[PDB]
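All protein chains but one are shown in place.
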Amino acid sequence: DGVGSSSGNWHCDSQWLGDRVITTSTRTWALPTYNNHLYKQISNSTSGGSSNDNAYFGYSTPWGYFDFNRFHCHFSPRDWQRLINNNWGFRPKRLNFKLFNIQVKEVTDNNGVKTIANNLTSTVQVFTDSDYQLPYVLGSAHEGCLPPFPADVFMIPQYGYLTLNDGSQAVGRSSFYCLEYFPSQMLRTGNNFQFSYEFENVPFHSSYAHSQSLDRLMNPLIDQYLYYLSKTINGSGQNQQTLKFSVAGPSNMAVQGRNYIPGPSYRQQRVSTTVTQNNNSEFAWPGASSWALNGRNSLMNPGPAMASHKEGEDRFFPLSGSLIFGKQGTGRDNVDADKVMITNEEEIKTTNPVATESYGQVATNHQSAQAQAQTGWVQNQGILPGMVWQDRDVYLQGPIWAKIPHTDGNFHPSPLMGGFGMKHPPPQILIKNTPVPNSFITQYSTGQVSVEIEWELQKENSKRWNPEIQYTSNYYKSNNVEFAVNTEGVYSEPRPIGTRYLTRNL
Amino acid sequence: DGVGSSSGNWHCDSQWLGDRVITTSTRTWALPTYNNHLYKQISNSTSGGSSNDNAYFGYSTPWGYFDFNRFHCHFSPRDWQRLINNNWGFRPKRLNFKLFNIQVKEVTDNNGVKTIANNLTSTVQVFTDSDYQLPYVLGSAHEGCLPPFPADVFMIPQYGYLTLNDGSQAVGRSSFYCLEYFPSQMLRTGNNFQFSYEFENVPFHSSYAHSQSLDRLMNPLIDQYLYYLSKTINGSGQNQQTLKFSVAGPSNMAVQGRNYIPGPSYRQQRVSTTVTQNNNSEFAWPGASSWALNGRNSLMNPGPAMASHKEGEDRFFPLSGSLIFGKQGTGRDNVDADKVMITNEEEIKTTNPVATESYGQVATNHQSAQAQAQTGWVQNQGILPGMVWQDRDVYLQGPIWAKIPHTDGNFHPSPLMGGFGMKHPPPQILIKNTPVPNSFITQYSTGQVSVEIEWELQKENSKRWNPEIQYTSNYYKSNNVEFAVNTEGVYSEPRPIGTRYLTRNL
Amino acid sequence: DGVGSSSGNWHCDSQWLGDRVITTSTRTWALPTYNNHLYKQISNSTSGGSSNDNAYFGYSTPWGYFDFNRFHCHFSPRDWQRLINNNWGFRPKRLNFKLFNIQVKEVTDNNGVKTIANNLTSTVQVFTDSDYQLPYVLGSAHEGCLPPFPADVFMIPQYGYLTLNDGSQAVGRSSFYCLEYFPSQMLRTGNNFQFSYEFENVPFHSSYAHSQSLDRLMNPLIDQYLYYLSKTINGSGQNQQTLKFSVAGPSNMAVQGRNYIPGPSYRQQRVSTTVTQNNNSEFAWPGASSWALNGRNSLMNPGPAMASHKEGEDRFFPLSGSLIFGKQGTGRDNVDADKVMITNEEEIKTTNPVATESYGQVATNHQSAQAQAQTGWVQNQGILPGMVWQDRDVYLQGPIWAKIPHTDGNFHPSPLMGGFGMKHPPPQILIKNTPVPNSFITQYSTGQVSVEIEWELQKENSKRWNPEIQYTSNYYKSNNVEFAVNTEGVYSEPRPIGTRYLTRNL
Amino acid sequence: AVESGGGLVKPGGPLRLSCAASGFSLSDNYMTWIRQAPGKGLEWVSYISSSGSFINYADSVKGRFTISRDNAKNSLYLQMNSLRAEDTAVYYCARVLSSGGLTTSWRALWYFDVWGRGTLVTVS
Partner (left out) sequence: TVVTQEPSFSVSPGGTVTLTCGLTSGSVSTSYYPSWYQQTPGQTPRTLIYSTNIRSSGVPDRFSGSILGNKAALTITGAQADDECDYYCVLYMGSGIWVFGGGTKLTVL
């Protein structure tokens, strides 16, 4: 329309309406020029990765993309506290994305000084992939998300993808995607861009902790009419075998018949947060649980949903089982235990097997006059008919959705790092600065990004008499208010926040 | 209305109409005064149970409840015979419940003698939980059901529930429900109470036995066009390696390729009813298959549906594999084998693995010139794509339905003790005597309960030429007619009756 | 209608219409007299089978059955090449079956010579089991299916089924089925029989190879915000226990968090086509993986869908894991390696674990000061929440559909030899010569069969820049044209043709 | 890196010698005592389950000796009582691995994996 007239306004606010929520967030961004506008092959041999498990083939592209996939982009900590305390379930509904206030800059850098000037006739290419024809990188929980604090200015990440390989060399089945082949809407300093999206139907993420454990469902005061095998002998001696049956009842509750059994387990190694208890050897890679695919061993992370620790022991955690977040300012390499935030799953200990414990025992052989009855510990257990399980909780820092791989079959597609599985997630948004002349001008753009997601809720119906556990901030004085900036203007979040406080009956 | 007129009538009968069944049962009940009108904490410490597997924490309530969840409540043995004989399947559609003829008594005890008289100003509270806000205890197959024989007056069981626990202590998440906080319809001697229920869609409970075994679905007259590996050597000697392929054909049927494979298995220990065969040492609790949760071992009972014994050996039964019902008057503790009724799964040995046997083998290493091929037995096999299985059969004495826990995921929810899985079972019906004055009158009440279920059926379509196996009584003479009273008037059921007689193709 | 006029025409062609395909096939057939018009009980002892695993029981019937269940019946190689190169998926929508020009021949035999004379009076009885009352044997991939070449005349195979059995002997539950009891239509020479059947809805068969491995879906240019455990000790010495966390990033791609894990595996033994590598011992039956049912070990073939071999090694195949086809003219028993064709599944190695490799590792114990972290290999793995997998591919020679055994439950019914699983497959079509009088005239029949299937397709939408992998013939000179007749007119199929060439993103 | 050592007792009297545990826990492992007379043969002496609920002895020492396994101290105690001159021999603290394979693919083998150095106990 024009250079001198604003192409959009600032929107940050949240309307809490009935059973629905609308969260609007707006950020300011800067997009540089990557690879001098070139599509460059990459591999492990370019970076120098020696090992075989790390071998990869792929391309790096000049295009950038927008990642809002993390929760804290949309939900401020005060909205989150209102959400997790009052609500059993939630899930996205609609997605509105506006891109405006495009400002393109040009740079001429002399020997000692660089002069930053505007460029009025330059353009910025952008498009959305609604056909899901490009590789989808938003499901790996990468950095580069919109920052949690509205006044932060963030840098658009570079878009790349990987494909088939054998060693560091590609194969004839690998694919190369030149994003130029896609139509894109070009924007000058006056144009704006918007689109809408409809989240496909997905189940409400469970946001509650079970009041009743799975092994305690049966009524306490009444005997069952089912019998169990109490005694296989009368006493010490020769040829004392006998069969004696007893009633399953409150006196012995472990042997009663039950209609449902806990979910699957794949045993993680148990690492203790008190270092004097850990074995004195390097077992970080050697003892880790991992699934092997095409001869390349990939660590199991985070793995199936399982309780992190037994009741009463909070100092242990599965070696690769639990999601780990860095604190503000945490270094990139070799940070000690107090620079990272560890998420314990103990809410699901009711219906899910403990990750560091065996799922149970199974009978190895037939007993007889010669052979005693023997058993062995079950390390892994697949799904059996009649298992119930709780998925992994979602966190304020955690990812929201992932794209279900397109395959013949899948089971309970809900992703393992948490959130909502979808066959058609919110599309990727690819943006770049159009090259203005292989000698080009130093150029970058900036502007505004506003993402809006309508959320649906499920209200708390419970009749529980005594008060619920709620998420609250401790009253004791501190030198810095949690979820705020310090004296230098550095916004940090003190602890990872779970979504499960309110309780339900099992 | 008035005291002098009846509030209801006696309906006990079953109408067989077309493809549907209507079964009605009216009983007489007596409700005492529980806990002297008090809610009381209960844990193992109050009972004194030391073992940590039995640790429980809960509350016992003054309320009673009605349990009709067992089949023989709704079916006379002749109706059960008429059902399992001609029908390939059945399932409930509607539920109707009527509670009337309230008669409230008051007990005034002298020094040695107690006096009984009606109390007209006394009321009886009743309500049903439509929202499942309360715990659901009806799925554990407790005693206190409506009795099988209509002339028996029964005692309403006591209601109590359990919650989260650590040892005998509770946790801040533990929930306490006060049932007085639920709006309840109060009844005097003239009032009646009723409501209607609708069963949610559940698949027809299969009531037939497969004729064809899974592996034998082939055609004995025709060869397959697939090949298998017959010989890896020419003969005894050195450097004799070779590869020889044969045709899979009716001559050797074990090696053919197949479309499907038997269901999952979790092995159980094998116990013989001939006692000399069993091992001498005490293996009842040490050798039993148990799933562990939160550090509390729990016996696997009845466990995933599996054939109890190989064909030809019925003397062996899985240790915790099958339901065990007591004979009439069977003692509570350490009764012998002949006093209890051990059910057997033999019908499902077609499509299901044997509970006391391995599921099969898997190759444990790479056979090569240096080392031979090796195999390891499989004790527990999770679901694999392409499995088929039969759920556990239901018995005249067995439970009808069970409540599916409210969870993020479950697989084939059909309960393990048998029956129909439902996320909205028939509600709990709570009833108590309203306290009339910590000084209250010793008091109780009696009345009528008529529960009417509408069953749907599936007709028998088979073209089988030879006659079916039908359930028949024995003509040989006995001192007592089976499924009838003895000289002292005690109704007894001779044996557990299964539902699977008719045959289908696989 | 009349002898002097034909009852139909000859239709062979494939009409390519939009997204649909209409495949027409017509053959000439011959139906002899089976069992001299008798139902003969057959078991292993009557045939003489000693093995306990091969014990069978069943009946041989005079009826024949038409089998078009194999792909090359409905498709020409060019129609196959046109299908698999341009399309991402196809499923059968409708089936039309027409039988015409029935002719009956009576053979007169004399010592000097035998003369065949047409018999006008005799009729052929044909009926289809629409209600699926009869046992289904089409799904077993049996021989006797319609010929690849139209010119060839084929003989309809005899129809027999095997019921329940205990060793050599039959059991009470077994049911004997008589074909005669079902209503059937009798046709004279003028008469023709035709029927139309509509296929049940089924998932599109996947016919593409993923270009992205499940583990490499990550963005290669960006670090995740999640952390993993890098170091459990500082260095070599005493009391060095420490914890160190690091960012999961492209430098080390094995330890990143992932939302999905590969599908299940049940390991097969690995056999090399180069004989000097394999062990010098007879491991053909001893080392195989088999699922035990009711005490009869049945070999696992082909088993769950798994990649046949690691990338880079194609000279290794699972012992019982690959569909094996014979070359034209292959002997029946103990042919050498070259007479047979071994399909390899390496296309699916992206989302599926290698059949001959362990699925991964799980820790078997708690670490401590006195105990090192121990692991063990996972030989087979059931379904876990969040797995994805590809089914087994269909071949030009392979089966199309299979009937899902009627059961209370099943998981991912898609058959293990490939193709579309259906609860209501195309019905069996039974045909026989009517007996003309236990001394009957020697009689056989001939005629025409025309089957018509309508295949629905899914178009290729991909944006891939570099050219696809395609299926093409070799231009180097040879003594014959592949998929054509030799000098004597024998139709030969040189190799198996998979359906997976085109690529998709994961 | 697993191995252990046995307890040393004087010759000539009934004692209970200890088997210390280094490198592994006696909780999850099946443990056996093996006694060899000098220069002639090796004879099985006793077996104890990992759960400890299953214990069995050799007929010569059955009804006589008593075995006890303390998990907290990583020590395996075998108490010999009322010794005979025919009980003079060397004892080993054998470690037996039963069915080393994992549960999904399990193979049942029984053999003495780890051997504590023998200590002689003489009755005199």
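Letters A, B, C and D mark the chains in the order given here, with residues in each chain numbered from 1 onward.
The working rule: a residue touches a chain if its C-beta (ideal position, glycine included) is under 8 Å from a C-beta of that chain, and two chains touch if they have at least 3 such contacts.
Student: Can you work out which residue in B:370, B:438, B:478 or B:487 touches the chain that's missing from view?
Tutor: B:370
Student: Considering the whole complex, which of D:15, D:20, D:58 or D:120 touches the chain not shown?
Tutor: Checking each option in D:15, D:20, D:58 or D:120, the one touching the absent chain turns out to be D:58.
Student: Using the touch rule from the top, list residues of subunit D that touch the missing partner.
Tutor: Touching the missing chain: residues 32, 40-44, 46-49, 54-56, 58, 92, 107-113, 115-118.
Student: Touching the missing chain, which residues of subunit B?
Tutor: Touching the chain left out of view, subunit B contributes residues 279, 281, 370, 372, 374.
Student: So that we can see where the missing chain sits, which residues of subunit A does it touch?
Tutor: These residues touch the chain not displayed: 370-372.
Everything below uses one rule, namely that only the chains that are shown with their structure count from here on.
Student: Counting C-beta pairs in contact, which comes out ahead: A-D or B-D?
Tutor: It is B-D, judged by the count of C-beta pairs in contact.
Student: Go ahead and note the Å separation of the Cα centroids belonging to subunit B and subunit D.
Tutor: Chain centroid spacing, subunit B to subunit D, equals 47 Å.
Student: What whole-Å value do you get for the distance between subunit A and subunit D if each is reduced to the mean of its CA atoms?
Tutor: That pair's centroid distance is 50 Å.
Student: List the centre-to-centre spacing of subunit C and subunit D in whole Å, with centres computed as mean CA coordinates.
Tutor: Each chain reduced to its C-alpha mean, subunit C and subunit D end up 56 Å apart.
Student: Touching at least two other chains at once: which residues of subunit C meet that condition?
Tutor: 263-264, 267, 362, 364, 368, 371-372, 376, 378-385, 389, 391, 409, 412, 414
Student: Two-or-more-chain contact residues of subunit D, please, as numbers and ranges.
Tutor: Those would be 54, 101-106, 108.
Student: Can you list the subunit D residues touching subunit C in their complex?
Tutor: 1, 21-25, 28, 74, 101-102, 104-105
Student: Quick one: in the complex, what on subunit A touches subunit D?
Tutor: Those in contact with subunit D are residues 362, 364-365, 372, 374, 376-380.
Student: In the complex, go through subunit D and note every residue touching subunit A.
Tutor: Against subunit A, subunit D makes touches at 54, 98-99, 102-104, 106, 108.
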